[PDB]
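Enquirer: Chain residues, written in single-letter form:
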Amino acid sequence: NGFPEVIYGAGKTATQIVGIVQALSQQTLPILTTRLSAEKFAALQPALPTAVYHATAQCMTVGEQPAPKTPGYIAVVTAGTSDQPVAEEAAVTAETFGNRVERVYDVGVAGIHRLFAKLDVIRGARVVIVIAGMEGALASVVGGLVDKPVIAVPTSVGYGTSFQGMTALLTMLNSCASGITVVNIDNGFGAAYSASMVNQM
Amino acid sequence: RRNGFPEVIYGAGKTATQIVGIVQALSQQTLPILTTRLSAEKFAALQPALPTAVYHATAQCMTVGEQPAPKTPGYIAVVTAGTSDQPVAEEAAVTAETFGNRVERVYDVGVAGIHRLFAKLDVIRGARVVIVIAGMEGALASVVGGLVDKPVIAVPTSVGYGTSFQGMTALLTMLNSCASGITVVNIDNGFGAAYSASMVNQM
Amino acid sequence: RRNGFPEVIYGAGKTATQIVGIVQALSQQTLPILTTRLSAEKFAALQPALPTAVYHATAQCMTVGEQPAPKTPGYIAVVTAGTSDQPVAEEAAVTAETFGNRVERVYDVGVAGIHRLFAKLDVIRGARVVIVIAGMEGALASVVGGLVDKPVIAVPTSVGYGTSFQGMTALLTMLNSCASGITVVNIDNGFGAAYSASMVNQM
Amino acid sequence: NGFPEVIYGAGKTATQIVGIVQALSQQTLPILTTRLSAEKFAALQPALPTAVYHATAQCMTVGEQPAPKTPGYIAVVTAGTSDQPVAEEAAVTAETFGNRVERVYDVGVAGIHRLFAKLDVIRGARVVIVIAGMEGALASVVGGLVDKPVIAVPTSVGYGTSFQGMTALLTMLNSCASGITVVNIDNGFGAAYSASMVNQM
Amino acid sequence: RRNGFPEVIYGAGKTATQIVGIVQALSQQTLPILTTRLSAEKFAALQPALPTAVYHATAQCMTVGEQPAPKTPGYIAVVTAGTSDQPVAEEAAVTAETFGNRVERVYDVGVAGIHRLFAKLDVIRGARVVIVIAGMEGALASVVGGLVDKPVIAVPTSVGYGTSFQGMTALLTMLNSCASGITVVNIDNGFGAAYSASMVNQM
Amino acid sequence: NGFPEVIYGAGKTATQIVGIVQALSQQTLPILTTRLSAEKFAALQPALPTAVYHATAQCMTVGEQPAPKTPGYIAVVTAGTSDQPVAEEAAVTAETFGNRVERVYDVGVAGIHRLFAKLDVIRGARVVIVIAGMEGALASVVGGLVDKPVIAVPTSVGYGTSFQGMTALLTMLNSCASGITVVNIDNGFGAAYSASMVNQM
Amino acid sequence: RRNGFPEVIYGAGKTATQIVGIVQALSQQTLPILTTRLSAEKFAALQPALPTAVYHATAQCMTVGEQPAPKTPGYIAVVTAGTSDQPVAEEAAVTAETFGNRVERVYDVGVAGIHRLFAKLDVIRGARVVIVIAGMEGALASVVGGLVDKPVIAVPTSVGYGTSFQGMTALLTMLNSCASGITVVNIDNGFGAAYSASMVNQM
Amino acid sequence: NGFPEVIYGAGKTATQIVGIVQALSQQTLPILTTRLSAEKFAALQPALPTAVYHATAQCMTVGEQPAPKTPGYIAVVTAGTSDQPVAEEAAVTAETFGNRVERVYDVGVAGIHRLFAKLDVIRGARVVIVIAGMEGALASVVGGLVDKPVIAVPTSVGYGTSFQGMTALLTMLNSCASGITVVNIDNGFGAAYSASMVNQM
Ligand SMILES: [Mg+2]
Ligand SMILES: [Mg+2]
Ligand SMILES: [Mg+2]
Ligand SMILES: [Mg+2]
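Protein chains in written order, with the UniProt record's numbering: chain A, 46 to 246; chain B, 44 to 246; chain C, 44 to 246; chain D, 46 to 246; chain E, 44 to 246; chain F, 46 to 246; chain G, 44 to 246; chain H, 46 to 246.
Warning: the hint list may mix true and false statements.
[What the hints assert, rightly or not] In silico negatives: residues of chain A with every beta carbon more than 10 Å from chain C:
id, residue
1, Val66
2, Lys114
3, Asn219
4, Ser223
[Unchecked claim] Calculated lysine-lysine pairs in the DSS-like style (CA-CA distance at most 27 Å, straight line):
id, chain 1, residue 1, chain 2, residue 2
5, G, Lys57, B, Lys57
6, H, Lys114, F, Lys57
7, D, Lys114, E, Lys85
8, F, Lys193, G, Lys193
9, H, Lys193, F, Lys57
10, F, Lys163, F, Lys114
11, D, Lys163, C, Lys163
12, G, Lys193, E, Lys85
13, E, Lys193, D, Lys193
14, A, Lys85, D, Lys85
15, G, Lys163, B, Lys57
[To be verified] Restraint-style ranges between C-beta atoms, simulated for each label pair:
id, chain 1, residue 1, chain 2, residue 2, range
16, D, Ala87, H, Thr60, 55 to 61 Å
17, C, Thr101, G, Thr95, 18 to 24 Å
18, H, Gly169, F, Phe48, 34 to 40 Å
19, F, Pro94, D, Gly64, 28 to 34 Å
Bear in mind the hints are in silico, worked out from the structure with no lab data behind them. Positions of the beta carbon are idealized from the N, C-alpha and C atoms, including for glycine.
Please model the complete structure; the sequences and the hints are all you need to start from.
Expert: Here it is, written out as structure tokens:
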């Protein structure tokens, strides 16, 4: 089929992932765990010593770390430092599928000059992924400045009236006619999954 | 006591003769009066009743009276995202001028083509205050906010396609951009924005 | 710089003569232009002004210009749930073809009668991308998503009975289906979906 | 009357259920406890040793476990493993009322072939109960494929934009013209109650 | 394979001739067909096209075909809160009868005057199923639910004053009443309620 | 003026109420504390030994318990046992203001016969106060059966789709033409305050 | 049994002849009847049918019958925020008078110019009950509530600009003001407010 | 530039603020920390002993406390004592930027006479800042009584139907034609930032 396996680390218990990981990882393409608790990564180190963990990403993969299967790369960009978790969740997921990924972090619209410094890197990426929370303006900015496919991920980070990310989700929908397609809140996985399919062309 | 304010009438709540009954009752102070949000038909039956009255179709407002020079040399900037927001922006611009301010309009400056914003950034930054008006693309307030170090009044507009929610999303996004002096007002309320912007300009 | 894109005009924001003032001003590049979401009356007063223009009533769009061969041999699939979503789907299909793509339409493929989906599954799966369009029954994006291993752009539609919320529920359900490459766009935004789908098809 | 008794395990205190269970279970049809805390099942074992507990269902019944009062059975189907709690809450409630119930678990639309494998069992059930959370598509699928009464239960399980189950509740309402009638979020009890009445015909 | 169901057409999505093109194409099975939610003008241009067709203005539905005896001796009860819910209730009643059920209507049984409910409680309780229909006063489903030990399908209606939210509150209240067999359907969906109620009546 | 004093027990700290209670209760009409924590009632017993506490009401009054200043009484009615807290919050507040109050508890619409048993008491009360949460039908029922002023209080108690009491608030508004006026969620104080004014006529 | 209440008909739910069929059927008790929320056209076709009927255009209500003296000497106060709330307030005032109460109207008492409230505060405070009616500026209920020690029934109105949400925000703000006897009713429900206010006035 | 630096105390970790404070406070205008945890103010005292902390404001500034750079002052007014936190958050932020600020606290509409006692002070302030939560009526009152620029801040404080401050945000928007411009919930920083710009004219 070509796609690795993926589970639901937050939806399952501390060991149901490992009870089915051995029934699902019978020497096949590497495994992926999304939404894994920072504490539950320690309660499973003795069960799988050959496991790597990404604290910022809250994801863990046990197996092969593939190589670039395409000369083009995906660009993950984020406005503030508060969205770095869901950014790395998308980054390591786009890495498991076998796509080189370039990280462009802390590039909010409050400092728009920071984007034009890294615009040459963003424009030369087969797909780009915009991440935002409070006032998801970054999507509209990169959408009108980059004529390449963009995936938008809203984040639940923020305080009052952000509505746990709902008001960023509505922003990036309202600027979709610029080449932007948006997925669900905190769904860095679904963005990198779709971005991988577009990059694997 | 009056502190130098022109008179304002809500043109949508009154009938075609109730507003001319309040204009001719105020036609003695020599200070210009203003009427907001009145339809083109609400004025068409008035042109014979008020020969000394001028109407702005795009702004949907009417002002009648001798309008003297601006009270302050500073100018406020009315920034618009797309062509579909020209009504509300002109509603704010024509009412901002009536209170006695100079106003430099900066229209069609959406994020779709940000270079248009950097073209007129010098005019926007050198203004006492800036009023941002945007609809489906509520991002414009965030961009201008972080690029100007002067007060900003954001005004969402109801024009948009689906999920624009008659400008409700534009309201939330402008609210979540209160970083570098962003301040939002009600939906479509170009007047109240220019009301607050006139006091800041004439501090 | 232009990278090979046809021209697009928002037909709902302009008047009947403002769009023919922009068509004849662009009638020199020989590259076809497009106009989205213009009413049948907004075109009826134009047929004498543009003899070389064709209109799609179901799509509510107008394209004028010599349309050459497709730029890529791949084809995108426009999948529709019910007969009531034919407008938006055709809006996406006719604009997806203008950018220079082949498109194989797959209509009336609702979950009410899933066998109709398994009938044309071979055509849908062998396409470079797939655009799903659904209204009250937002489930179609979820089913096609888990059944095709190609990118999918979901487009909710406003048509529906009560609680459909002008397609708002269809938006939420398509958003909660981002498993196997599902990606949603704005309500009724068949154009923006096909805009993104054209770049993925011509990577 | 024919119906057993039922209480509100989460709405009452640790012993108000037992203070009224003896005033209400004076040797009558078996008793039922909905929404009972996993901890409070241990603080009441000494008070009623003849009590059975279902951890997955979070329900406990003290008395007779009846037999099938009708040759037909009710089918409880669920899309993912995250809805198994409210599924078993409905399953054991349909069992107390005296209806045989067939469980068809982990049958999401992401793997639609899993449903057609068990479709012969679902189609031959006097009533079926669909359970879903994220993108409640399963209801519409079974509704258009099974010409038998369907009850729909939305679940609060899920992350962003699921709105604690609200966005599944709206989905199954919008496909009611296919023989689907939907109840409240996490209300596995009300679904099995109605499904029992339909089965007891 | 068909299991004994009459044919149904969504009269709101089609044009005045598209539904008569589907009626005459089905005028060979001798099994009656049904059309829901078609306007009185959508039928007025049809009376010459279908002499063997009967229309129910209050129900906004049309049925054409030889309608035989009921399939089961049991009867379902259609309970209505106020006079303003007669349209949707009759939409459910006329479609519930077409599938081959007897139906005993119980109208104007609002909580404002609960004695009217206790008057016809004997008729309601002795029915195989009961369909409750209510608008601003969504409480009726809760009262009947706790008073009958038979399945109940609740149907909210969009009619109401402010805060009724086109029947959205009626939907929530009927949802929070799932105690004694209450089960809610979509807004105004009298058909789908009667569709489910026909299968329960003919178990 | 005639009205006792009232504070905000949940909005203030453990002793700001007592720091201002002595500046506000300089030998005047009795004092009232709304929304007081069950734990904070113990951290203040040494500061005011002449204080009475109502655990169910989560309110405490320090001073005179007045007598009926009017021969008529207010009736507080509640559908289920889960609304008894906010019911007693209204009951003891209507008692401080000097109105006799009759309690009619556990009278849901699921057992409508329980209401007609106590309808003779409800109908003879100058004001009545309906309390409800899940499916606030009780208000509409008593409103159409009692031609006397009714105050409606929605409660935050309930599970899914109750929206922390929001969906009961909308119900009792939609049946206001029957002599019903509704206040805020869990605002038993504001109901008894208004009911007192109507009774003190 | 009737306890002294006039008759009330929902004028919006019935047709132009159904309400005159209920008026002439009640034209024998000599007790006046009332009809709420009927349009000016719904009465224009009635003036010949009921010569002994009077209509209130601002209130959109019609009352027919010999109206005797007030039942109690106390008076209720109907307080209005702006000129745009005169319809609903008059709907409450004319129905409050029909039940047999004196009512002292206090109009145009918005927070924009609070001195107008302190001018007529003596009249408002000395009333048995007070009904507050406000739209976009829902603050008026909070101000009057803390300034009068008599029961208050708040009534939000649907009139407003953006974000007023057809008076939904006015409903929330009046709900969050339940401090000194504030009690809110449904949107635009001036009748139900006056229904409750008549029982409190005649305790 | 003229503006001091500001961080996000709640969005960062216990020391990321200090890891970048020394890279950002290389002997420049004073530093500002918004939304700082009451506990995290103690875990950083050994790292910066020359730091002052405002418990009510939940903000801490390390450096110069400037002097009035303009003879006019900003007025922060609040209705109840429950909004004093976000009030002091705005007060100390307007103080860092170099504006004298006058505090007018506990001035709700329930006691409107308290406002007219301090109205002479409010009217003589180049900018005023209204703070409110439950029934944000105070903004409309001061807006119609003060012909000077007003900034409105809604607070998340309150109970039922306040919707974590959402229903105050909608109130002050609906009275913007009186010279009122409103910012986000609990955003005392953004209000004082804008109020400073207006005062620095
Ligand atoms: Mg682009
Ligand atoms: Mg079916
Ligand atoms: Mg009554
Ligand atoms: Mg002012």
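Enquirer: All hints, please: hold or fail.
Expert: Evaluated hints:
no.: 1; hint: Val66; verdict: holds, 19 Å
no.: 2; hint: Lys114; verdict: holds, 14 Å
no.: 3; hint: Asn219; verdict: violated, 6 Å
no.: 4; hint: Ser223; verdict: violated, 8 Å
no.: 5; hint: G:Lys57 - B:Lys57; verdict: violated, 30 Å
no.: 6; hint: H:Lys114 - F:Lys57; verdict: violated, 36 Å
no.: 7; hint: D:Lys114 - E:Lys85; verdict: violated, 50 Å
no.: 8; hint: F:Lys193 - G:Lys193; verdict: holds, 18 Å
no.: 9; hint: H:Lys193 - F:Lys57; verdict: violated, 33 Å
no.: 10; hint: F:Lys163 - F:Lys114; verdict: holds, 24 Å
no.: 11; hint: D:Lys163 - C:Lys163; verdict: holds, 23 Å
no.: 12; hint: G:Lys193 - E:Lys85; verdict: violated, 56 Å
no.: 13; hint: E:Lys193 - D:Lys193; verdict: holds, 18 Å
no.: 14; hint: A:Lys85 - D:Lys85; verdict: holds, 26 Å
no.: 15; hint: G:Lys163 - B:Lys57; verdict: holds, 24 Å
no.: 16; hint: D:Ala87 - H:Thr60: 55 to 61 Å; verdict: violated, 42 Å
no.: 17; hint: C:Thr101 - G:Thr95: 18 to 24 Å; verdict: violated, 58 Å
no.: 18; hint: H:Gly169 - F:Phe48: 34 to 40 Å; verdict: holds, 35 Å
no.: 19; hint: F:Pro94 - D:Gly64: 28 to 34 Å; verdict: holds, 32 Å
Hints 3, 4, 5, 6, 7, 9, 12, 16, 17, counting from the list given before, are not met by this structure.
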